[PDB]
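Number of protein chains: 2
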Amino acid sequence: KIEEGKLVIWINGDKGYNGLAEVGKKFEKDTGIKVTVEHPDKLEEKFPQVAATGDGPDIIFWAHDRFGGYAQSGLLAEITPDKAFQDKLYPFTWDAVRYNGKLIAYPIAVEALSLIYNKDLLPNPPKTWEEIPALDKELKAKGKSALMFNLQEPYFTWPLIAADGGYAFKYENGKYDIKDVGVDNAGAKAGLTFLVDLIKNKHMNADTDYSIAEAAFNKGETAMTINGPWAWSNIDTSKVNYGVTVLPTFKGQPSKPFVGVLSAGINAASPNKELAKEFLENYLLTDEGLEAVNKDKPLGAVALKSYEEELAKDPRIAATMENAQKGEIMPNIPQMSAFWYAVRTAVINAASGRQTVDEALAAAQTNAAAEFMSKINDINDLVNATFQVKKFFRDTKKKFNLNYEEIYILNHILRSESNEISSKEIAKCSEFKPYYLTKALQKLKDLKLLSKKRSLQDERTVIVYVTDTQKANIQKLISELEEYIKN
Amino acid sequence: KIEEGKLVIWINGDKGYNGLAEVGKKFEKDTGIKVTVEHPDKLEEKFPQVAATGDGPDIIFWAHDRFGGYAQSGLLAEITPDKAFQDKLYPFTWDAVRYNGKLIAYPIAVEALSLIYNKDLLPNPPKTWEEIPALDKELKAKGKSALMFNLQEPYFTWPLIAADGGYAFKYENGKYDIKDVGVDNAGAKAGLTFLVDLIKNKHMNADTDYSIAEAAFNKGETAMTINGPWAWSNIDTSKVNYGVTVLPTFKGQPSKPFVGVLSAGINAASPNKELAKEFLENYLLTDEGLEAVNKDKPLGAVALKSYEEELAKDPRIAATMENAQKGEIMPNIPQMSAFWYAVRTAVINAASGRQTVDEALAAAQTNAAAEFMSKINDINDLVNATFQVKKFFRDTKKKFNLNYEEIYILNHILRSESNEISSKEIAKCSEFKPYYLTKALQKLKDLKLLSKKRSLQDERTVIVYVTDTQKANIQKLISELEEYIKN
Ligand SMILES: OC[C@H]1O[C@H](O)[C@H](O)[C@@H](O)[C@@H]1O
Ligand SMILES: OC[C@H]1O[C@H](O)[C@H](O)[C@@H](O)[C@@H]1O
Ligand SMILES: OC[C@H]1O[C@H](O)[C@H](O)[C@@H](O)[C@@H]1O
Ligand SMILES: OC[C@H]1O[C@H](O)[C@H](O)[C@@H](O)[C@@H]1O
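These protein sequence lines map, in sequence, to chains B and A.
Just so we're aligned: the first sequence equals residues 1 to 487 in the deposited numbering.
Just so we're aligned: the second sequence equals residues 1 to 487 in the deposited numbering.
Everything labelled a hint here was simulated from the structure, so no lab data went into it.
Do not take every clue at face value.
[Claimed, not checked] Some chain A residues near chain B, calculated using beta-carbon distances under 10 Å: (1) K42; (2) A385; (3) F392; (4) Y404; (5) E431.
[What the hints assert, rightly or not] Here are the simulated DSS-like cross-link-like pairs (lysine-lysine), alpha carbons at most 25 Å apart as the crow flies: (6) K390(A) / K391(B); (7) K391(A) / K391(B); (8) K391(A) / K390(B); (9) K486(A) / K390(B); (10) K399(A) / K375(B); (11) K390(B) / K397(A); (12) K433(B) / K391(A); (13) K398(B) / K6(A); (14) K397(A) / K375(B); (15) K433(A) / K428(B); (16) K391(A) / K443(B); (17) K390(A) / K399(B); (18) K397(A) / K6(B); (19) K6(A) / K200(B); (20) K42(B) / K42(A); (21) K390(A) / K397(B); (22) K443(A) / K179(B); (23) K375(A) / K46(B); (24) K433(A) / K390(B); (25) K46(A) / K390(B); (26) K46(A) / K46(B); (27) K390(A) / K439(B); (28) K391(A) / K486(B); (29) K200(B) / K1(A); (30) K200(B) / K25(A); (31) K390(B) / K439(A); (32) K476(A) / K375(B).
Even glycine gets a Cβ: it sits at the ideal position worked out from N, Cα and C.
Make the full structure from the sequences, and use the hints.
Next up, the structure:
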């Protein structure tokens, strides 16, 4: 029940929701339809839950990295702006909101973690991470602290782990090899071990967090923090003489902050799509609209060309956009949430002292690439799960005589970047039986949708190939038999 | 990973955590083991999440109403204080922390919403709710507001809905009929409709909240608020001439504030149980310990007899304890969280204006009497689930040849209040096959743990009976084969 006739927006708490609300009112003024902004807590996780139910906001705002998995689940409506309109925005921002050839959300503003310091407490910010353990005892001297940033969310500690070779999922020919996870490499271990030690040497504690670090900096207690545009508002009225700049380099390399494109996705459930499209296209993505929000909180380097040729003047923005370039754009693929988790754990677990970086990261690597996030804790959850499963198949037995192994495959395929997979992949993943695996690939082959599958080269591992129109029919079928459980 | 050798406590933010921390230090002094208190935000919901994972605090503090569902899930350790000790506390407080014959948490202090007003702005508090819409325009006159209390959490608006016949789950022969939900009755509709209108007539707005109302009162802007002992601290330094008293009566009946027993449950996962038990029994539940915290924030009518014979002197306490009596003790049963939800929704939805009390409550009644569970949304969740299941059995095939149907039963039994169940129960619940159901009961019977099962009276709906030592072995087995799915 999304309730027609109005817009409900979900935007994160550290952002211009009051500003966006202004946009929403100008809309109501002209349109006549009301818009109400809300900043649920943890809307990124809450969205897929309530949105799977067919409820939730009409529009959800968040970094483009979550939208891949949303669109995947079917939570997001496909946006179809004409070419003229797309021209008002930077080609690379649409790219971030493009998933499997479709545009899933509107890009709003580019975000990158900048380095912010207190010029009255250090008119000269260090340009490296190694020349800091020292700068801490010098400022720890006059009763202060060198650095203080959020150590709870891996979005902040990633730049350091990334800098020297840490990476999400290897990238190459336009695709991401979700199997190739770079978080347990030398470069990754390096930056983390450093962060770990910065703590061991009482320079900063494992429990620092956004709230803590933000005050600590705005109240002069710390010489510098690590944050983005949205945080400038507070520092502004906290009227401190601060500067935004390049993230210190590690082992010589710059910090590679994952970059996020704050985008607005329209709920697939929503019954107000034409309205949301009109709000975002005609109202929000206009100079007024964007500045309206920028006033409340900094959007950073907006995606809207026109207005960005104003924000660009600002050295803060140019600083953001500089850090941006040095970092990589966040993948929008579904396996991202799994990535963020693996990392969150690893960091917290090793900064605390429960694990040695090696451990934290070896587990982290495994977790980041695991195909499944196990949702079963109690045997009651087991029973719960078993009941659900058992029910599912029995209901689809007649029509769709698709057994588990089969369903598993079609799914593994649909959630795949590649149009060609090997019996090895599908075998390593899923404790399957060579007997059923093969019988299953066959079972689907015999069906005009599994597309060709054919003897490996090396042999003993048949390659599974799926067309483009093939992968289109596997989708239409899943969406079809997915009605038997989606409720 | 709970980390042995220390205590981590989770207590709600509006309470004596600094005071509790003092207790924790006296402990560390004598013991040598450290204790760190923390007030996560929304620990009541966050606990079951992180605690299901096998992580979380060693000790969790909260109103006894949540503990039923915690113990249910298996999150809570069973506390076994000797009789002599139990004598130091009021028999009724142990009753609140007793679930299915076991003691799940230590009772700490009784809590009830009192009525607090500003004597300098009204030395005479109204004694009814009807004689208030008026008292608002008289104080709204000299630039003030009559009432201002939290309208977001249904814990505050319940007293009014309860007063005239609103009730959670009907109670009678010592049991709660979770099917009999009294929130859509006449008495319920009445009090809500009143609250609704108090807003319509611009006496108070639908968005008031703890924060807002608390300042509004402490800053003299409002003549009275609705709150409990923990809020007296702020009003104290806010040095206002306030008084704590009886909640105005509605339609003639007193306000029935759900009463909560702040209890301390020990995490079932925790590896420090003997220590937590020692902390709570030997340190926290002593006169010093309790007053240490009472200083920080008022506990209200403590459960510890000795110290309560001091607090009882205070007219505030006697006011609390008076309101308490007029209200009912909150049920500790699992269906409580579902209750709190249904109500939260209904209230907010109808106070806002989105729904007419009728609607809000009819939905609320339905919701309060529902069950909830990870239902699987995506076929990817299906695959996810199937993989988990399939794996589980294969791992327990050798050691524990317990098939699904069997596991299902032992679980249904363990999560049962009764020590006797009928083939009907286990049959209606679980689309089971009469063939397997029976074969399964048999399979377990043949095992020395399913206890007796024997021909019904009525039909051949065989009655399943489990000892007391029987239900103890079914538990030890589940905990045993439950290691195969831990994460
Ligand atoms: O906590 C990390 C998050 O911080 C802010 O919300 C950023 O806008 C968002 O892109 C990022 O994902
Ligand atoms: O640090 C973890 C977080 O980083 C960024 O905020 C991502 O946008 C978000 O998805 C993730 O949870
Ligand atoms: O908001 C409701 C809560 O208020 C206070 O924290 C009470 O101590 C607690 O018993 C209750 O659950
Ligand atoms: O209003 C809802 C809340 O009411 C009381 O405070 C309960 O103790 C708490 O568990 C519940 O969530």
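Now the hints, each set against the structure:
{"no.": "1", "hint": "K42", "in the structure": "8 Å, holds"}
{"no.": "2", "hint": "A385", "in the structure": "4 Å, holds"}
{"no.": "3", "hint": "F392", "in the structure": "6 Å, holds"}
{"no.": "4", "hint": "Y404", "in the structure": "5 Å, holds"}
{"no.": "5", "hint": "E431", "in the structure": "7 Å, holds"}
{"no.": "6", "hint": "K390(A) / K391(B)", "in the structure": "15 Å, holds"}
{"no.": "7", "hint": "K391(A) / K391(B)", "in the structure": "18 Å, holds"}
{"no.": "8", "hint": "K391(A) / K390(B)", "in the structure": "15 Å, holds"}
{"no.": "9", "hint": "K486(A) / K390(B)", "in the structure": "22 Å, holds"}
{"no.": "10", "hint": "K399(A) / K375(B)", "in the structure": "24 Å, holds"}
{"no.": "11", "hint": "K390(B) / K397(A)", "in the structure": "19 Å, holds"}
{"no.": "12", "hint": "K433(B) / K391(A)", "in the structure": "12 Å, holds"}
{"no.": "13", "hint": "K398(B) / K6(A)", "in the structure": "57 Å, violated"}
{"no.": "14", "hint": "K397(A) / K375(B)", "in the structure": "21 Å, holds"}
{"no.": "15", "hint": "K433(A) / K428(B)", "in the structure": "35 Å, violated"}
{"no.": "16", "hint": "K391(A) / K443(B)", "in the structure": "23 Å, holds"}
{"no.": "17", "hint": "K390(A) / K399(B)", "in the structure": "24 Å, holds"}
{"no.": "18", "hint": "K397(A) / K6(B)", "in the structure": "55 Å, violated"}
{"no.": "19", "hint": "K6(A) / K200(B)", "in the structure": "19 Å, holds"}
{"no.": "20", "hint": "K42(B) / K42(A)", "in the structure": "12 Å, holds"}
{"no.": "21", "hint": "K390(A) / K397(B)", "in the structure": "19 Å, holds"}
{"no.": "22", "hint": "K443(A) / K179(B)", "in the structure": "44 Å, violated"}
{"no.": "23", "hint": "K375(A) / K46(B)", "in the structure": "16 Å, holds"}
{"no.": "24", "hint": "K433(A) / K390(B)", "in the structure": "12 Å, holds"}
{"no.": "25", "hint": "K46(A) / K390(B)", "in the structure": "30 Å, violated"}
{"no.": "26", "hint": "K46(A) / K46(B)", "in the structure": "14 Å, holds"}
{"no.": "27", "hint": "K390(A) / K439(B)", "in the structure": "18 Å, holds"}
{"no.": "28", "hint": "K391(A) / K486(B)", "in the structure": "24 Å, holds"}
{"no.": "29", "hint": "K200(B) / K1(A)", "in the structure": "20 Å, holds"}
{"no.": "30", "hint": "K200(B) / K25(A)", "in the structure": "24 Å, holds"}
{"no.": "31", "hint": "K390(B) / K439(A)", "in the structure": "18 Å, holds"}
{"no.": "32", "hint": "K476(A) / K375(B)", "in the structure": "23 Å, holds"}
Violated hints, listed in ascending order, are 13, 15, 18, 22 and 25; each of the other numbered hints is respected by the structure.
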